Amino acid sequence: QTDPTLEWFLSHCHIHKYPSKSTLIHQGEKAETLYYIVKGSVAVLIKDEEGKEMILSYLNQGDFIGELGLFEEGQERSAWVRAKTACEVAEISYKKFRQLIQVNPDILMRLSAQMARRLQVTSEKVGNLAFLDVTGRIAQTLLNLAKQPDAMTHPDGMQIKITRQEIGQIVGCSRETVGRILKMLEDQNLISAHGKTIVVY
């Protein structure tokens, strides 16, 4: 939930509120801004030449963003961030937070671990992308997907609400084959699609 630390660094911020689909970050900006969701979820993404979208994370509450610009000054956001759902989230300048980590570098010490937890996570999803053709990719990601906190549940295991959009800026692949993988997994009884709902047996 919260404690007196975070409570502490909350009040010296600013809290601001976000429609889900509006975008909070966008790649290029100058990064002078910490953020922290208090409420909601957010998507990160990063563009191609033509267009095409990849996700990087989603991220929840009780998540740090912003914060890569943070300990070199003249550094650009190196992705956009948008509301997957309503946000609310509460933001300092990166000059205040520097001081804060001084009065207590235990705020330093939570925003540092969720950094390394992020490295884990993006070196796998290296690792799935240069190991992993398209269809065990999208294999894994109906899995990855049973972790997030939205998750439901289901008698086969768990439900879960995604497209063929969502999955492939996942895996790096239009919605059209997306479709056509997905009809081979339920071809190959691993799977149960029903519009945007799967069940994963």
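Residue numbers count along the first chain shown, from 1. In this text, rigid core is short for the largest set of C-alphas that superpose within 1.5 Å between two forms. First, how it differs from the form deposited in another entry.
For residue 28, a C-alpha deviation below 2 angstroms is recorded between these two forms after rigid-core alignment. The two forms, fitted on the rigid core, differ between these two forms by 2 Å or more at the CA of residue 154.
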The other form holds:
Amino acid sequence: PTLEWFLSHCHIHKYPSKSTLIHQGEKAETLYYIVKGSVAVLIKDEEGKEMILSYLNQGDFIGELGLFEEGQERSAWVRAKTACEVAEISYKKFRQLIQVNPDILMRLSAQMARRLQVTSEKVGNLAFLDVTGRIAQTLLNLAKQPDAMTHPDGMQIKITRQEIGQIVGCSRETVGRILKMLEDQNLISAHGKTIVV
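For comparison with the form deposited in one PDB entry, kindly provide the form deposited in another entry.
We keep it simple here and write out only the one chain, dropping partners and molecules.
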């Protein structure tokens, strides 16, 4: 619709399965717009480990956190999860775009409000829950949002235990030791591809 004026005012780039869409700490002067696919958002800790703050997808503005005050630079890594096509465009341009139309400012603004929410619940989650109850939370959230292939008795996921650990905050060998517990209990199913029965 309105978001139609934008799409054809930006570019279409190509990034394969693993390219790092944007890197931490590098003066933000352009916002991406995932056309097809899904990137993942991550910050890391001195010793090297990563944590997956979020999983953006098909139609989510990216790297916006700075279109509002020059002098800023990245705050997280974004590496394409699948095959992603990103709609590139500078901040200034995009800016003079808003003066033409307002509506388009009223879109991501939301996007960045829905995240401010979720993330609060991640702190709500990381501090009010022990790893078990957190893996349960994270499986549901992945049984939700797209890509979760339907299955006979529920939704199906495709994620590595090593990976769960990152969204959550625990170690490789607990995520998987928990999944077995859940497995045994009959809450889900497991095999490199888990089903959240």
